[PDB]
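Peer 1: What follows is the residue order along each chain.
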Amino acid sequence: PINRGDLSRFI
Amino acid sequence: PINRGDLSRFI
Amino acid sequence: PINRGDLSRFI
Amino acid sequence: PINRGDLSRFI
Amino acid sequence: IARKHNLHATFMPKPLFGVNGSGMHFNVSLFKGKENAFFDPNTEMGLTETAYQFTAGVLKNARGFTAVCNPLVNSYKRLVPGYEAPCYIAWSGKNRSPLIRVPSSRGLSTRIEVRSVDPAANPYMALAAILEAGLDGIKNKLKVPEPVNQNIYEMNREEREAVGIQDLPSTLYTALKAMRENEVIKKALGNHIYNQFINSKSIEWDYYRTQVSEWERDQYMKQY
Amino acid sequence: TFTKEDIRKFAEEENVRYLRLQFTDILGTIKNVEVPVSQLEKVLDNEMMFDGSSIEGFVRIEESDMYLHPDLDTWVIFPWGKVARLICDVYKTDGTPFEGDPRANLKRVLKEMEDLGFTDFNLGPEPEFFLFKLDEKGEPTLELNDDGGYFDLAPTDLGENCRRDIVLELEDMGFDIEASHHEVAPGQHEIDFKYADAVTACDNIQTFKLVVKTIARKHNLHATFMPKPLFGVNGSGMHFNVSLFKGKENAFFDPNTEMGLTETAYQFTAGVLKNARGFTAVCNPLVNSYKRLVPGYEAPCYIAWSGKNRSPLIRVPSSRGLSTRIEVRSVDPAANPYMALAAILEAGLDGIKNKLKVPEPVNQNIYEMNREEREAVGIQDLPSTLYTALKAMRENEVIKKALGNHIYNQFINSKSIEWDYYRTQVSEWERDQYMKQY
Amino acid sequence: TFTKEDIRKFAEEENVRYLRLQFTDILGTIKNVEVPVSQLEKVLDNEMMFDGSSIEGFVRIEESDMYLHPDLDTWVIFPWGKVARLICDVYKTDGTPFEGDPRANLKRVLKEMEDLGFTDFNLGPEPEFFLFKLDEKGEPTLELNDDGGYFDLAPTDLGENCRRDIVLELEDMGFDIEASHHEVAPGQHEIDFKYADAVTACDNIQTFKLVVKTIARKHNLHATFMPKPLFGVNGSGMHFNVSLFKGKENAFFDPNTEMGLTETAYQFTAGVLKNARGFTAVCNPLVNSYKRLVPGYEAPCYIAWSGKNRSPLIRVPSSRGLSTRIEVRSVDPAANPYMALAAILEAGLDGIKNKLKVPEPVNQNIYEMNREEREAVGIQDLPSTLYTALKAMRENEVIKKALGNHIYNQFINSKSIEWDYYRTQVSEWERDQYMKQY
Ligand SMILES: NC(=O)CC[C@H](N)C(=O)O
Ligand SMILES: NC(=O)CC[C@H](N)C(=O)O
Ligand SMILES: NC(=O)CC[C@H](N)C(=O)O
Ligand SMILES: [Mg+2]
Ligand SMILES: [Mg+2]
Ligand SMILES: [Mg+2]
Ligand SMILES: [Mg+2]
Ligand SMILES: [Mg+2]
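Chains as they are written, first to last, in PDB author numbering: chain E, 1 to 11; chain P, 1 to 11; chain D, 1 to 11; chain Q, 1 to 11; chain F, 223 to 446; chain O, 5 to 84, 89 to 446; chain C, 5 to 84, 89 to 446.
Everything labelled a hint here was simulated from the structure, so no lab data went into it.
Take the hints with a grain of salt, since some may be wrong.
Computed beta-carbon distance windows for the label pairs [what the hints assert, rightly or not]: (1) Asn-50/C to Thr-393/F: 42 to 48 Å; (2) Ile-11/E to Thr-7/O: 54 to 60 Å; (3) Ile-11/D to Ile-11/E: 36 to 42 Å.
What the simulated footprint calls covered on chain O by chain C, stretch by stretch (three residues with Cβ under 8 Å from a Cβ of chain C suffice, anywhere in the stretch; the number is not a length) [unchecked claim]: (4) 232-238; (5) 312-322; (6) 387-400; (7) 428-442.
Where is the CB? At the ideal position from N, CA and C, for every residue including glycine.
The task is simple: from the sequences and hints, build the whole structure.
Peer 2: See below:
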């Protein structure tokens, strides 16, 4: 995902 | 990645 | 190394 | 030292 | 034998997250008398119109028998992209995760591979459903859609549906919903087996849906 | 502004009993000489002597003798008798400033900038830091102080509120805080300063780091400015908003063009983009720094500028008028503020006096682009490792001119030694991937 | 040599009940298809089908269908019904060999070498490995099996003697062992083979790795061929002693010159030295491999040849006559034997048919030389990281010719992905150095 940093809660 | 299953060692 | 004392962080 | 590998017992 | 070796053998479709699941791909072939009905000895591709009708029928009713071929709640955790398990209804001769694959073998060994079956499914019921779908395609003379190739990897669900590629059900609840709307699966299973399977799976899903998962407690309970 | 009489009066009324003569080395570490207040006169006479080789960091060889000349305008009293500090420049025994002092180097760069007609170079930093919990033994752990998100109200009001205490203590010390907020990663915080002149801005950055590290210890926490302490979450950056001024007037502001950017601003950003690979090592001096420069966490990975993009190297904020500025986002909080600011200013001036043409700004249709197409368009990539960053730095003349020969050589030697020590280590990742597969 | 009738007789008399159709991928991993002996006929008809995309390793996308053609000369029965193995080549559905198979690529390279007048390319490897102790759970620990030194008699006679058991089991299987000894680092061992033809030598290397890993597990140990499992001690190498033959005669031997080296040998070593940076990635394919390529542990770090030196890239042993050979010391046991041998042979042939002039051999007065003076003399350095090694490999045409387009592209993609995953990790060294100093 382009916004990997913003989805850190799911990963 | 398309081949996520083959890259499971790195993740 | 000549300055062994100053490089103690790396050793 | 040049022979660091041979002096591993001391380091 | 696994218990003999101080091990535990499991046919669970997806025991571990983030790794490949377990499948039970079915290579099926029809025969009418010492002769494979799928083999065309004259065509370069080597597939009979009967084989095309069979795969068209299997593709047509794929949503219908998904619940029988994937009967567990955990089964639909295997049907996620990236682990070679099929996620949409398509056929190909060379693709990463096609629902139906046609192996390069010909002659008496030509066959059609259905890859959605997992080892937790009942073999008799899954085989009956697949055979009934194939026969429904055969006796309706359905036209098989175009095979998919490498340029489907760059396609969202909207474009895939615009082309005509339907998606497999993503949950056991929606799989049962789809199964309740298909007549071929009911004909394959018989009324008694159909009703008992639907009741059992509805009860199982009802028990599963009320559980509070650890994922919910990790995501919520501090953010809300 | 302060004079000797003001310092004596402040010492007398406030009962100052301890003095910290504060300076910095080429690695950005805050160094100091402690003195009793009875030595105050000797401090004000520029007669305090110290090694001076400590400026070299860990590559120092021979002990020297150098004098400390305090800057009276940097006087401030800590709120924790009392302790006061003075930021001092380092002078050789011949009365001339030491060429290895980053503060003197930045002053020299500003002085040479003043010959181009510009009078001020204002900097506003955006330093981000992490707060970790301490264990029973007092060592830092890997658990964060909270679990908030971007602009969250995580440390609400009661019990630690370390960020609020830091802001209030900085305000009591005489700082100018613009705003503060929770950062994207859990336990990550950001405090923003109002713009100030270059030397004052770098001094404020150093003092802010010291104050944050003190107050976090007061709250049983550990504050770190490490660029990438944790894998898989956002890193910490120190974005620099810079602006040029030639006399009560922003040189980047165009009051007629609807864009509002002067050709001088375009030349400045063209020069910064041209030499971006040159000063990457100075702005990202740690091995860990290049673990932040990975895609997906808003850190810049290639050389481009934009007004609206996820991770551009240079961003132009929508503000105009006297507040128009250019934001360089590759800087991390571990960088030396004086050296990084000098490098950025030198690159901008090199672009200005060469009348370089700024490339086209990037927009949304760059997200779907491989490195080959990006290079075909003309977008270069930042160095991915400290080794390659040093390789690029050795090929740039602007960075050498900005740093001076002494600082340039010492920095290159120090970073080469650090990389050499890092490269021989066997990581846990290697032991996990191999030793069973091979 | 064996035929179908010989295989059937061996299966009948020895009561073979299990067959292993063995092959390898581009990463050197030993892959196999298991079969019951009742399928033996179908095995001998070249009709066994399998995926074939497994040859691509972890970058495979789509499942293919490929045939296994066994080589009857590789038949051997394991000493542990019984289990037998056959090494098979991979063929496409059109009856032609798969271009992605390293064994077929090496065979093609040898076939094209045969057009130059040379008939045989003999290889003797020197694989070194480490033996670690297992814990209660059966996982490998970091404790070594013994504490011996160079050529020590550490595992004396009673209790494990894993090296002796490995040698004896290999001898029982029909191998040709020259000698074995304890290596420099504790728990490190080396077993040497007599020279054999290229394909047979690589097959023997694969079988040796399999046998060592099995027997070490038998002795409650873990055998690893990782290039540098432990920091501060010697790494493991797989030095390749190679020799060219054009008809019952060594092409490297000069019976008249006092040195005893033919101009062909000088051209071969010149070609290997010229393209050393090109094939470094293939010969050192792991990230950990370049942790072995550090000074002080006898691993080569720069491109040079000598007859007597601590760590030359190419060594010429004092043996002459039919045993004269050239030793390439940069190869590590984690490398794919077929690909590394093909690259070395292609570099040597490139030197031969271009009549390159070998540079001067290095001697004792190179130990006191920095990299600048070494480069001024003409000694290039090997790539220090896998990233830079891939960069160098992308600029060499000889390695591409040796590997073939398919293998070249797949190897580059796999190694780029591996390095990309490695570079984003935050190491424990970074957390030790930083997070308190910054
Ligand atoms: N590539 C394979 O044969 C594995 C298939 C995969 N396990 C699945 O669930 O279908
Ligand atoms: N969005 C933000 O302000 C965070 C920036 C991010 N922490 C960086 O490293 O640049
Ligand atoms: N002296 C030896 O034979 C050991 C060689 C050393 N292990 C290497 O990595 O090359
Ligand atoms: Mg299959
Ligand atoms: Mg921020
Ligand atoms: Mg910003
Ligand atoms: Mg050896
Ligand atoms: Mg050797």
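Peer 1: For each hint, tell me whether it holds in the structure or not.
Peer 2: Now for the hints, and whether the structure bears them out:
1. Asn-50/C to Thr-393/F: 42 to 48 Å: Hint holds: Cβ distance 46 Å, inside 42 to 48 Å.
2. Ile-11/E to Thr-7/O: 54 to 60 Å: holds (58 Å)
3. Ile-11/D to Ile-11/E: 36 to 42 Å: Distance hint for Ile-11/D, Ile-11/E holds at roughly 37 Å.
4. 232-238: holds (count 6)
5. 312-322: violated (count 0)
6. 387-400: holds (count 4)
7. 428-442: holds (count 12)
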